[PDB]
Amino acid sequence: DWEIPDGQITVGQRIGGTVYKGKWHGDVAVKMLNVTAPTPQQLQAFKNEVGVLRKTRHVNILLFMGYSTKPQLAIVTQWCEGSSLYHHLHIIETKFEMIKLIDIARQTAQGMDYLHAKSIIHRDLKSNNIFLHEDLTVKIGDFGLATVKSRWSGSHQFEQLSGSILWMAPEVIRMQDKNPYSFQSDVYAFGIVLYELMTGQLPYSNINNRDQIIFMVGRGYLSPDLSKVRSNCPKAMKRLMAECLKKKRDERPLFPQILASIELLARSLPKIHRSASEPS
Amino acid sequence: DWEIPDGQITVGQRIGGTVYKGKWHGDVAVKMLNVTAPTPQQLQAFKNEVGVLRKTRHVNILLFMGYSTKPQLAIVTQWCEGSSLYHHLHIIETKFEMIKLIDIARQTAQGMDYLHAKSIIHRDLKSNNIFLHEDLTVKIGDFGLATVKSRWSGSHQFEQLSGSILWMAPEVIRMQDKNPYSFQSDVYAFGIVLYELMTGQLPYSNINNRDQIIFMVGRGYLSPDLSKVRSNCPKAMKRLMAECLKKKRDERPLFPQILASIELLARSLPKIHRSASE
Amino acid sequence: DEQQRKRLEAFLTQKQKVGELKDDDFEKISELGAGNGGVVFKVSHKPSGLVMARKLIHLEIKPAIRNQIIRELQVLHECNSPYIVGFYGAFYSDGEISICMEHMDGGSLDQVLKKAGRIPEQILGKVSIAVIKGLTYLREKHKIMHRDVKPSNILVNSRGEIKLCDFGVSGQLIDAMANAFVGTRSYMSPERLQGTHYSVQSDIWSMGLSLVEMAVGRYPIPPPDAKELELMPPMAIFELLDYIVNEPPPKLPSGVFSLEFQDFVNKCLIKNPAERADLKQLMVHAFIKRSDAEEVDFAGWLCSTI
Amino acid sequence: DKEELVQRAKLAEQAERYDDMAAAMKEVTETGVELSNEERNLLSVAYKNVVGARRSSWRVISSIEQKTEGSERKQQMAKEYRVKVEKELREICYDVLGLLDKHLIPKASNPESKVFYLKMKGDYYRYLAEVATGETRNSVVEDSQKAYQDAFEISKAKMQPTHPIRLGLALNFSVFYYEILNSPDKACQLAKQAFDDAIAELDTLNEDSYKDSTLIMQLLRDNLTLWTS
Amino acid sequence: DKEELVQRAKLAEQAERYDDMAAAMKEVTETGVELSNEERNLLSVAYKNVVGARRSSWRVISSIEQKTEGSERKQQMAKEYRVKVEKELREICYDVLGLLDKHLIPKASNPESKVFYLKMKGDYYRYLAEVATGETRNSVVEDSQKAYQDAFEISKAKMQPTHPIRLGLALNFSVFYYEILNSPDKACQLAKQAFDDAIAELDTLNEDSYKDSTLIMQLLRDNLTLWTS
Ligand SMILES: Nc1ncnc2c1ncn2[C@@H]1O[C@H](COP(=O)(O)OP(=O)(O)OP(O)(O)=S)[C@@H](O)[C@H]1O
Ligand SMILES: O=C(NOCCO)c1ccc2cncn2c1Nc1ccc(I)cc1F
Ligand SMILES: [Mg+2]
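Residue numbers (this note's numbering), protein chains in the order written: chain A, 1 to 280; chain B, 1 to 278; chain C, 1 to 306; chain D, 1 to 229; chain E, 1 to 229.
Chain A with its partners taken away, still in its complex shape:
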């Protein structure tokens, strides 16, 4: 059991439910439900999020460590030193080499492959939820929207659409099915991540109308401008990005296909250069 008896956790600073840097057998991350009277809906949210994390043990999933109930509802995970992929790419504009970018793609895919393999759909994959831990290891986090695929179609019921629009697949936006999420919707989000990785910018930078983007993407009018990929981007990546981004969800390849393509493109774009006089 992973319930942390009250008193042990020592909440500190704040970062962005709500997330604090705390203390429990070392630096940890503490994500709290600030309020005092947890509605049974916030309760099932918590129960569900914990339920999902419990099933994850993989170097590219951010490490769930335990949960607390008594003070406030909270989830404890490993602390990360270093920034989100969002922060590297759009804030400090880190000048990663293409082999590194490919590798970040690779690891992100590795973590997603692992989740889908245990039937978890993340539902909120995006730059911010991808941490370059110690600048060397991709840890996917924030499982606040994560869910496990139910064998039965009538368990679903009604959930108000939430999430960041730039990473939402057209079918998710449209929200026409009982359940528009799929492994494929996660792939699409990862598709937008490839976009940030191969271009350095978010999609739709000329459009600042929030509702317009929701409407135009859901309708099919709007889709990322793939011409904005930087010139050092391997052709295989551009293709792979366009495939993850297909509007017809079934046309998007899964995590196994990403693993099939993630190895070969990296092997093809060798980073070896100069090669002369080695001390050995």
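Just so you know, the hints here were simulated from the structure itself, not pulled from any lab data. Backbone N, C-alpha and C fix where the C-beta goes; we use that ideal spot for every residue, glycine too. A few of these clues could be false.
[To be verified] Quick list of in silico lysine-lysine cross-link-like pairs, DSSO-like style, CA-CA up to 27 Å:
#, chain 1, residue 1, chain 2, residue 2
1, A, 248, A, 238
2, E, 158, E, 211
3, E, 211, E, 114
4, E, 48, E, 84
5, A, 271, E, 48
6, D, 26, E, 74
7, B, 100, A, 23
8, B, 271, D, 48
9, A, 178, A, 248
10, E, 79, D, 2
11, A, 95, E, 67
12, C, 62, A, 95
13, D, 10, E, 79
14, B, 95, E, 48
15, C, 133, C, 280
16, A, 271, A, 95
17, E, 26, D, 84
18, B, 118, A, 47
19, C, 251, C, 267
20, A, 95, D, 10
21, C, 271, C, 126
22, D, 67, B, 235
23, D, 87, E, 26
24, D, 87, E, 2
25, B, 235, B, 247
26, B, 100, D, 67
[As the list claims (entries may be wrong)] Here are the in silico distance ranges between beta carbons for each label pair:
#, chain 1, residue 1, chain 2, residue 2, range
27, C, 171, A, 235, 30 to 40 Å
28, B, 36, A, 272, 41 to 51 Å
29, E, 44, B, 1, 54 to 64 Å
30, E, 102, B, 230, 41 to 51 Å
31, C, 196, E, 184, 50 to 60 Å
32, B, 230, A, 134, 27 to 37 Å
Place chains B, C, D and E with the ligands on chain A using the hints.
For chains B, C, D and E with the ligands alone, coordinates are given in the frame of chain A:
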């Protein structure tokens, strides 16, 4: 559940049960029971080792990833790039700065604190089972002898003593109780690790008689020569080492006491360089 | 006119009484409300003693653009109108741009419409004037369109003032707000939804839609069914937008409203912006001539409904 | 032309060769024209690297000789290195000070630049004062004392408490007090005063040091902690 | 005495100074006595580091020369600087070959030592080959060709497929085929063949050289994956 369906794992090279470098969603380490007919004793061994790993999620415990049954019995864990502490200290004689050595002590203690906090006694802590992952992060591994403390004294029964002698506490060697292992026996092993860290050598280097060491340590005649600590070793560390190494197990620091001499040292003893020129 | 003059005088007085603005300068009184990306607090600015509304908008932005947002908001210091909420200052602390503005103790017409159920055509007349004058003010004296007209952005007070707020003054802030969370409804004009057109003509549509919401006392979601109109799971936003773009505009019920009012909202809600009445045309509209000339204890109606 | 010389020196600095660079900068200063702000840091950079190399090989000879503790030609060579790499060390610093009084002392318009020139003089004199032991070494220590006091007066007069140069003068003068002075009391007090001055120009950190000033404060904390340890 | 010289050279190698080290090792070889296994790797490290610093200088100066793309005296000064680097580079390699073909190759009792010194000779001839462009290229190219062929014969005869020296000869000879002669087909064939015969005796890997063997192995794989693209 952590059972990896057969076929997914792709065993490769060998290293040292038996351990291979394999493939399963990236580089992994695969530890196999080579043989073909698993005795019910080798079976409970496996069941127990998996049982313990399942309860660990901490950056200083080597990451258990899952287990396989069908091909052979096997445990899958994260792969590590970089060497064991044994290898750094006695093979390539890595010239760590004292602040680094203290930090390795610190992290090793951190992982042990986490295990004991969930009532796991490792029982085979030693240099070889402490990996400096990417040269920056201590991961404690090999839980083949690990066990969980039972609330009831009669569940124990009979287990043939196994382990590396240089890290075995006198009470463990003597093997007089039903259960001579304790959190304190783990501390003693960590004590010998401090020894390797602060001296650069294994204990009893003048003695090469295996049975003699077992006999002299169990009897109280033999104990590590603390004079061999290198001169840059903070006095607090030497004391802390001698405390972890106390013959009377209760004398050695435990749980909070273990996270006091080391934790206290961690908030102290720093900066080997006074340079400021710019 | 004289009353508005005196109000502006007092505002400028308090402005000169105070100086710079920063996070330590403030004490929280209460939470006036929250939205999609912003929060509003009734606060007491400690140095001056002034009670003001403090709006915090969360943004993760480069120092160079946060400073550009502040600098661009400083234009509000000159925005002086009785149809425009007053501006005390702006700053950035922690992770959030703060806009400090004239506290309006009556709230937003959104808040009001909740307590009042439906707003009387005669009050809406005053509101319609207030909006037009304010949109005119913004347009002519400050070269800008509102962008975001809707009940929650028209604010009213004890002295019977109806002012506009949350308009698009900093161009950089507009840009920085585009990375946003999804709303639950929309007042956006169809031509904007289609990127076909962009002018004041679009703010006119939103006023139109607002009015219908305030008149009938219900938000626009494909109007209402035959039964529902007798009394008097929510449609997802994409469906709302698709409606606005592809369906006929909403309209007022037949009998309950004057023909002048029905005609007024109608010329505000014409799909094609070209054929849609402009501020000059609306100003001399039957409904506006009438309402201007009417005298209504607006301030009285307001306090009586709270 | 000067610009060919400074491009040659900058290009040689990019190639991690600090002999052609020092020769080119000595050839610059031999013209006897006053430097800019930019052309000065290049001269100090190569000179600082040469001083570091002298401390490095000479420092290795010092510790290496102690480890031997015998009586031989290997030990003779360690003593020989003290005489020879030390003589090499002496030749470099004398070339620097001769190029300092000859050119840097002759032309200097910026008073800040004067502090940098005096800070450099105290640095090279103290290094020499640290190296040799005797009466000439004591005279060099006295020379560095006068040089750092002369720089400290102008720092206290017309500098910022958050400028890089005043912070560097405080840093070098504190380590002078600790290593040559061999006093931890006064040295820690001076380091604390320098850190306080750097913190006290919070607005002046933004142009003069800011992040660099914060790093200098961290160095003062490292020195102070070590001296109080 | 020899041991004072080798301790002096080893001590100077620990101090990251590669001028006194090269002078001490030239003074060792000038005695004309045969080296050990240990005293040889020091000589190769010294005369590798000295040429390597100048190689990095040459590469970055030439890239600036290709970077400028104007019409001024900067190109004349930069080209002249590159010529000076070649003149210094040329002097070092000629000193090496003069110290090599007069005391070490004609007096070489161990055939393993003969593979070593011939590998060094081919290396330094390649070092001269990359920089001199003209008629004199075709002399040193053929000279290195004869030297590497002479080493390759003795490697195929009396060496191990897992020894460090045969692997290093295969590595240097493959990069010779790729860079100097620009026939990447025979370089691909050669490196693939050397890598496949390197796999055979993977079991025969004693503690004396595991790090070198696997290091040249992964370097060979990296060169292969670069060239097959
Ligand atoms: N100056 C003010 N004085 C009193 N109340 C205010 C003031 N400003 C805003 N409020 C209230 O704060 C709430 C939010 O109003 P706005 O700032 O206009 O945002 P909004 O209309 O909710 O649009 P969204 O949903 O955030 S995109 C409303 O309940 C306002 O009535
Ligand atoms: O406030 C805004 N949007 O609402 C936040 C979502 O909750 C808002 C939106 C756009 C904008 C462009 N330039 C200023 N802009 C705003 N601010 C604002 C403008 C005028 C006044 I007087 C007071 C204000 F706070
Ligand atoms: Mg708003």
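Now for the hints, and whether the structure bears them out:
{"no.": "1", "hint": "A:248 <-> A:238", "in the structure": "18 Å, holds"}
{"no.": "2", "hint": "E:158 <-> E:211", "in the structure": "22 Å, holds"}
{"no.": "3", "hint": "E:211 <-> E:114", "in the structure": "23 Å, holds"}
{"no.": "4", "hint": "E:48 <-> E:84", "in the structure": "20 Å, holds"}
{"no.": "5", "hint": "A:271 <-> E:48", "in the structure": "25 Å, holds"}
{"no.": "6", "hint": "D:26 <-> E:74", "in the structure": "20 Å, holds"}
{"no.": "7", "hint": "B:100 <-> A:23", "in the structure": "23 Å, holds"}
{"no.": "8", "hint": "B:271 <-> D:48", "in the structure": "24 Å, holds"}
{"no.": "9", "hint": "A:178 <-> A:248", "in the structure": "17 Å, holds"}
{"no.": "10", "hint": "E:79 <-> D:2", "in the structure": "18 Å, holds"}
{"no.": "11", "hint": "A:95 <-> E:67", "in the structure": "21 Å, holds"}
{"no.": "12", "hint": "C:62 <-> A:95", "in the structure": "18 Å, holds"}
{"no.": "13", "hint": "D:10 <-> E:79", "in the structure": "15 Å, holds"}
{"no.": "14", "hint": "B:95 <-> E:48", "in the structure": "25 Å, holds"}
{"no.": "15", "hint": "C:133 <-> C:280", "in the structure": "10 Å, holds"}
{"no.": "16", "hint": "A:271 <-> A:95", "in the structure": "15 Å, holds"}
{"no.": "17", "hint": "E:26 <-> D:84", "in the structure": "19 Å, holds"}
{"no.": "18", "hint": "B:118 <-> A:47", "in the structure": "23 Å, holds"}
{"no.": "19", "hint": "C:251 <-> C:267", "in the structure": "11 Å, holds"}
{"no.": "20", "hint": "A:95 <-> D:10", "in the structure": "25 Å, holds"}
{"no.": "21", "hint": "C:271 <-> C:126", "in the structure": "25 Å, holds"}
{"no.": "22", "hint": "D:67 <-> B:235", "in the structure": "24 Å, holds"}
{"no.": "23", "hint": "D:87 <-> E:26", "in the structure": "22 Å, holds"}
{"no.": "24", "hint": "D:87 <-> E:2", "in the structure": "25 Å, holds"}
{"no.": "25", "hint": "B:235 <-> B:247", "in the structure": "20 Å, holds"}
{"no.": "26", "hint": "B:100 <-> D:67", "in the structure": "24 Å, holds"}
{"no.": "27", "hint": "C:171 <-> A:235: 30 to 40 Å", "in the structure": "38 Å, holds"}
{"no.": "28", "hint": "B:36 <-> A:272: 41 to 51 Å", "in the structure": "43 Å, holds"}
{"no.": "29", "hint": "E:44 <-> B:1: 54 to 64 Å", "in the structure": "57 Å, holds"}
{"no.": "30", "hint": "E:102 <-> B:230: 41 to 51 Å", "in the structure": "47 Å, holds"}
{"no.": "31", "hint": "C:196 <-> E:184: 50 to 60 Å", "in the structure": "58 Å, holds"}
{"no.": "32", "hint": "B:230 <-> A:134: 27 to 37 Å", "in the structure": "29 Å, holds"}
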